[PDB]
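Take a look at this one chain, the form deposited in one PDB entry, written out in structure tokens.
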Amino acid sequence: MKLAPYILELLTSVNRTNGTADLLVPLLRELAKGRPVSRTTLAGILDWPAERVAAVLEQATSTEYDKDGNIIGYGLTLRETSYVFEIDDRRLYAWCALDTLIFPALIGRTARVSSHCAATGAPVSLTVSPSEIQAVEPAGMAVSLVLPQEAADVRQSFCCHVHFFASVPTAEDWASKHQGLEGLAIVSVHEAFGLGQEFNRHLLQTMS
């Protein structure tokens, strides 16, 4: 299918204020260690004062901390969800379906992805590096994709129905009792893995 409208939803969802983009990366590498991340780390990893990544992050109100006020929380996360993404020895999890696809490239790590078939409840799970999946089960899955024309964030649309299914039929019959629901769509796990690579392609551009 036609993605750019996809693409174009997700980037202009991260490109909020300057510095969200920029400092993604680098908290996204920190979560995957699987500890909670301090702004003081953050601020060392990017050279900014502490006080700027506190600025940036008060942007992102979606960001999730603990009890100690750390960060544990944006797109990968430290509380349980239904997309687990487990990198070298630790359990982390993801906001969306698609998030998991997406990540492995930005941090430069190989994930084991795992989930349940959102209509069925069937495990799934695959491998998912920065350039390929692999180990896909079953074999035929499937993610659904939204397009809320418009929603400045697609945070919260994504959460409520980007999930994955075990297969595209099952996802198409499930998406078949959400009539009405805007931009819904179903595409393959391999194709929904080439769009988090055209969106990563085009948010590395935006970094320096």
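Positions refer to the first chain, counted from 1. For the two forms, the rigid core is made up of the largest set of C-alpha atoms that agree within 1.5 Å on superposition. Compared with the form deposited in another entry:
- After superposing the rigid core, the C-alpha of residue 34 moves by less than 2 Å between the two forms.
- The two forms, fitted on the rigid core, differ between the two forms by 2 Å or more at the CA of residue 148.
- Remark: with the core as the superposition reference, the CA shift of residue 182 between the two forms reaches 2 Å or more.
If the one shown is the form deposited in one PDB entry, what is the structure of the form deposited in another entry?
Coming up is the bare chain, nothing alongside it.
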């Protein structure tokens, strides 16, 4: 269909707090090692004062921390979710279906992604590289999209409604029951990957 509204609102949510886009990619690369990430480590990678790392993370209210206050989850996460994101046999996780399509390009790694259809519980899997998706199972796999909302917890507002589905008709059947969701739309996983490529292209533009 036409996915500009989703690209627009995703970019605005990242660019709404200065620093977020510039912290996101280095943080995702660190989390992809599979270990908790300290604020001190992040400040050193960014060459930022600690107070600036703090102020950016303060606005990212969905950030997940461990017992030591290390970062363990920001889109990519060490804590188990419905979206399995495996790189180099390290099993990591993602907050939503679209995250699994976006991250490989940002971290420069190929991921074996797996989940379950949110309508039928059927297993779904695919391989996501920086440039392409392969081994899409089922081939007709679909994704739900909603419009992110201003100054809402991004994970309860967006990620929790962005699922994989076994097929577009299965997802549209599910979608008929959930019309209260703002801007709910069903797309193929290829369309969703294209949305991710457009997001990532604009994201890298706006980095320092």
